[PDB]
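Next up is one chain by itself, shown in structure tokens, the form solved without its partner chain.
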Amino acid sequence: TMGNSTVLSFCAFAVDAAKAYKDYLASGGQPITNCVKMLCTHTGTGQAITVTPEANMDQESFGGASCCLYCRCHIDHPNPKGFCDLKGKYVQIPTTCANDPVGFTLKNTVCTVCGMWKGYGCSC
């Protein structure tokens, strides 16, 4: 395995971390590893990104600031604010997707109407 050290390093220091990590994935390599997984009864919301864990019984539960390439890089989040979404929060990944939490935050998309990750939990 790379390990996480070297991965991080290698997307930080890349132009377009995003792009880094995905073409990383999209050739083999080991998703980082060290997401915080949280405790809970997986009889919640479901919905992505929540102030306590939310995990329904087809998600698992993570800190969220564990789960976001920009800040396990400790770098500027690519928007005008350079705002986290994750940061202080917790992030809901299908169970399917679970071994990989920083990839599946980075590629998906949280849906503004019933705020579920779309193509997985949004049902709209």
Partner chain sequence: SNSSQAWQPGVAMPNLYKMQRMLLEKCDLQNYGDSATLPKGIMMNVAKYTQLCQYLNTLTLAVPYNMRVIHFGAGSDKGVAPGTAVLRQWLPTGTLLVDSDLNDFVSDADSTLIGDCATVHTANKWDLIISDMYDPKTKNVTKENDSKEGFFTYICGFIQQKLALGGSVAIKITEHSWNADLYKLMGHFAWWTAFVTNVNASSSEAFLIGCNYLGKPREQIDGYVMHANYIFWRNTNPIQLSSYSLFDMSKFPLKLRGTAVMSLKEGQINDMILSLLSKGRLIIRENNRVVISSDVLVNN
Second form
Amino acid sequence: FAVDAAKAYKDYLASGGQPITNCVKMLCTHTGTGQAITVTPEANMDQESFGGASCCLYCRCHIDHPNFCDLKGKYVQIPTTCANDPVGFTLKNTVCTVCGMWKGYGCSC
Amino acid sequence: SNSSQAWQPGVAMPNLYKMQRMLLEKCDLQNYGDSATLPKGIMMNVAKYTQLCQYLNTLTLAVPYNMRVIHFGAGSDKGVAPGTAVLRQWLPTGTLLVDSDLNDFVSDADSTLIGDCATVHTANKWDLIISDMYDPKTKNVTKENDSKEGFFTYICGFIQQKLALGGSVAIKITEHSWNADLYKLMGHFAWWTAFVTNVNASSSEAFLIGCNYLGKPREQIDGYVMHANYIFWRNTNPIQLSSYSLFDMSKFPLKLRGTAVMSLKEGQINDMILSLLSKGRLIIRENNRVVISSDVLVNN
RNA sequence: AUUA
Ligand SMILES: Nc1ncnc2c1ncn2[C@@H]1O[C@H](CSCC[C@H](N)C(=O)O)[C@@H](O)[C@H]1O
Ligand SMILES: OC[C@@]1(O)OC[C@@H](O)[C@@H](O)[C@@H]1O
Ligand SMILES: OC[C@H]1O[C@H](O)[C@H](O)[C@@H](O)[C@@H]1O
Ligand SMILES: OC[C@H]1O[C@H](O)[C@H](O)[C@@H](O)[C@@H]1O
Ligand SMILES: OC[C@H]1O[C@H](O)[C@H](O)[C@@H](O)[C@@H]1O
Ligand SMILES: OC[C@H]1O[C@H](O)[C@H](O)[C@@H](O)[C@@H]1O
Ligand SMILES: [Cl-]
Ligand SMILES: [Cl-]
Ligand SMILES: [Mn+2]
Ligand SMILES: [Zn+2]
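For comparison with the form solved without its partner chain, produce the structure of the form deposited with its partner chain bound.
Below is the entire complex, every chain and molecule, led by the chain shown above.
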């Protein structure tokens, strides 16, 4: 047995559930590389940068990581149009290993 | 928000106010409680820590490779650590950042210790100590505003035992959350001030900043008199709320200076060493592994 | 003290 936190949150949102609040949005230049996960805020003009730990479902829910946490101690760049649910965006999307940006938001791998 | 100080990250207590001998009075800010207009979706503590860091960027902070920073009172009622996220953004990549709080929270720090700060131990010295601790019971004002103990007793001992010479501190105080011994320790640094963030100018909150620890008294400070001087300054100098400095983050990151780190015995700290410490050009401490722990009281 |  294993509690599937990811699917449970996707189902919660689908039923009109309110997105996880208190994701820490950082002040930045908005002239960054635009990469998905970085050591420092890298939001471009079309993104918002958030503290990684606050955007991790496993960190926020106090649950085991499915593996090490790749967001804790880093900054996640979220398209401004999706910045209302950073936890949901990090779960429903994947990062282009080569490029470093989100698949369907600057790259395709 | 039209005075020239509105474009600064905040306001430091002017030197003439530090040299007075005022009696302690009730703090009465003309804009008490007013809220600042922050950039869309930005939390109060991201704005506050951003302004504290922008101000620290103007001081002679020592910034060695493998810098060691500890952040007390890093948790929040939100269950996250906005201040730690800003420190992580500000500090050079590779800086060891440890944070702590009485209550559980999720952090971007390299290590997090949960428990009363009095349970935190380290056989290592630190280059920068940040405290945002505040005792909720401080709100229950039932008597004379006297020097407070609790976590302030721990912070004074932590600075005297675990702060590297050349190191700096930023310790949050308020009208009622303050300690006389902490103000006295400010006289053990090359320079000190009480800094008010422009986003929280409507609060008696200030960060007591000690810049470049000398491990010996450079000036004798009476803590009761200095807190009275601080309140007098706040009561007679209204600060307009301002978020202006939050919009220009181009020069925000703390510059890595590669400040020299040396181990020296108290008998080797001559005036030449004190001069280097006083200019942020030297850190004196061991460069051993960083080991931390939280004491656990066992009950049946 | 953890703005609004
Ligand atoms: N004795 C003590 N030991 C440890 N933490 C303490 C303490 N007394 C108060 N605190 C903590 O001080 C904090 C004040 S609120 C801190 C907010 C945080 N700096 C931020 O970035 O938003 C609370 O989390 C409280 O638990
Ligand atoms: O978590 C997303 C968010 O927009 O939710 C509402 C507030 O808590 C914001 O600070 C936070 O970034
Ligand atoms: O950015 C510099 C700012 O500070 C200056 O002292 C002026 O008061 C202000 O007009 C200016 O915009
Ligand atoms: O002489 C004191 C000066 O140096 C100190 O180190 C401070 O960093 C600076 O703000 C101050 O003006
Ligand atoms: O760690 C944060 C918690 O402790 C603080 O002292 C606050 O009083 C409380 O509101 C908060 O939930
Ligand atoms: O809300 C009062 C003031 O504070 C804000 O932080 C802004 O700097 C200013 O535009 C506003 O008028
Ligand atoms: Cl007390
Ligand atoms: Cl700097
Ligand atoms: Mn306030
Ligand atoms: Zn995580």
